[PDB]
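A single chain comes next, written as structure tokens; it is the form solved without the named molecule.
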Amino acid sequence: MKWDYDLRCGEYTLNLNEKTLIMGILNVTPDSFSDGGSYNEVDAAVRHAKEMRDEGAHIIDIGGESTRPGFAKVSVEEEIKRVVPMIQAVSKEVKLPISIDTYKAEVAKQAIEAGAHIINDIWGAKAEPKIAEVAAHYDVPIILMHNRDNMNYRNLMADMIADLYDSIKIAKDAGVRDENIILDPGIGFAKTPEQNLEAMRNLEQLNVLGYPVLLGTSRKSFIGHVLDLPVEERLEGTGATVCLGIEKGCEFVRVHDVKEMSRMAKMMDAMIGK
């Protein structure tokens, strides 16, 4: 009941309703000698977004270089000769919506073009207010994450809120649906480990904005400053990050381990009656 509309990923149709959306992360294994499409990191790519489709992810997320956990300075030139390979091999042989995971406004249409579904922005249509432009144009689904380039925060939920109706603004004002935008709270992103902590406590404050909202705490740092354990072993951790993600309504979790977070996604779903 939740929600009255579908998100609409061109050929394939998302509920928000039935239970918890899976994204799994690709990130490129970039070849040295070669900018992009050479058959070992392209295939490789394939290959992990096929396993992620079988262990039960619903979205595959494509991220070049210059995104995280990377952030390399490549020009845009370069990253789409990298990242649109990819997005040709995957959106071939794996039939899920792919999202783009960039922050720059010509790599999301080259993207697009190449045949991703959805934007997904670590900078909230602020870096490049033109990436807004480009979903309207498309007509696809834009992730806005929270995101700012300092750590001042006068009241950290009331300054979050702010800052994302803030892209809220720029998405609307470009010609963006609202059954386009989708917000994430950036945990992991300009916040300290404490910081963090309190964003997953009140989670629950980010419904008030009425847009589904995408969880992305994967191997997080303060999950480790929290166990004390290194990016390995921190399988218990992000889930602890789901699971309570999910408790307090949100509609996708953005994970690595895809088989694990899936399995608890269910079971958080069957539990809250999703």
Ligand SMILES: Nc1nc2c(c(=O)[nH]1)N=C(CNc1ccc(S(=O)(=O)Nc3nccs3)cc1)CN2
Given for the second form:
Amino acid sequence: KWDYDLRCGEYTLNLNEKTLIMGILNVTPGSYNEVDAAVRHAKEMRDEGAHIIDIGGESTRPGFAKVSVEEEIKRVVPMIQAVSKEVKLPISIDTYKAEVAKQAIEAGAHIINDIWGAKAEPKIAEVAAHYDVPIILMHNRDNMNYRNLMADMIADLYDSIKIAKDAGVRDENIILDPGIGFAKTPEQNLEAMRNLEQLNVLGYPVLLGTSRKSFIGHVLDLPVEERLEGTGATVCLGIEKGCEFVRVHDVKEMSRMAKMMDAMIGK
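What would you give as the form solved in complex with the named molecule, now that the form solved without the named molecule is on the page?
Here you get just the chain by itself.
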């Protein structure tokens, strides 16, 4: 179906063979204890079937505390250098800032993961263009007053493509994400899942990030630690509705579900 592979640097990721698992790595206090914990977690997630490792923090997570520019660098960079050498998998850096994104690739990160899809700092997309690296553009907005959810999401996403393409970003580096849990009531979150196949008309791979999110909590009436089964249902629907990547905490469980989905749907 996809006439190209996802080329990054040392590793080639094939989009037709299977659903790609992206394992989540949270980094919230460069001491030994934090960098070692992060490495051990990545090894674990590698051993359980992760294809990409995702490295972010306290900005970009509810709270959304606007922590400092130089601060993000000294936290995330040692993390990348260590994971890159010990763990033979591509890495994405979860940031909405060009400045940070910049260091991250130079320290060895491969994919950019922007929860603001270049609207925070359009300069990020120039960084993307220049090192020639896949960039994930997530739907997000600073309000959530939709005329029409899906139509507005596709419009918003397209506003992101436009920023990337104009920067020089080649199509084959774009990847989109419906931004589950961002600027969306819990009902809107469900609608987006129900209509996920609409993002496919845009012609770019899609990544889904629903792991343990609160709309799962809203439905099941369950706290974060009991959300594994409900995360599973969201990963299955997503694969069936055409997603290429899933971002998850529970690499082991999700990896089995994805591999059974792939076999059933014919991937």
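By rigid core we mean the largest C-alpha set that fits within 1.5 Å across both forms. Residue numbers count along the first chain shown, from 1.
A.B. asks: Hey, after the core superposition between the two forms, which of 249, 224, 69, 56 has the C-alpha moving 2 angstroms or more?
C.D. replies: After core superposition, the one over threshold is 69.
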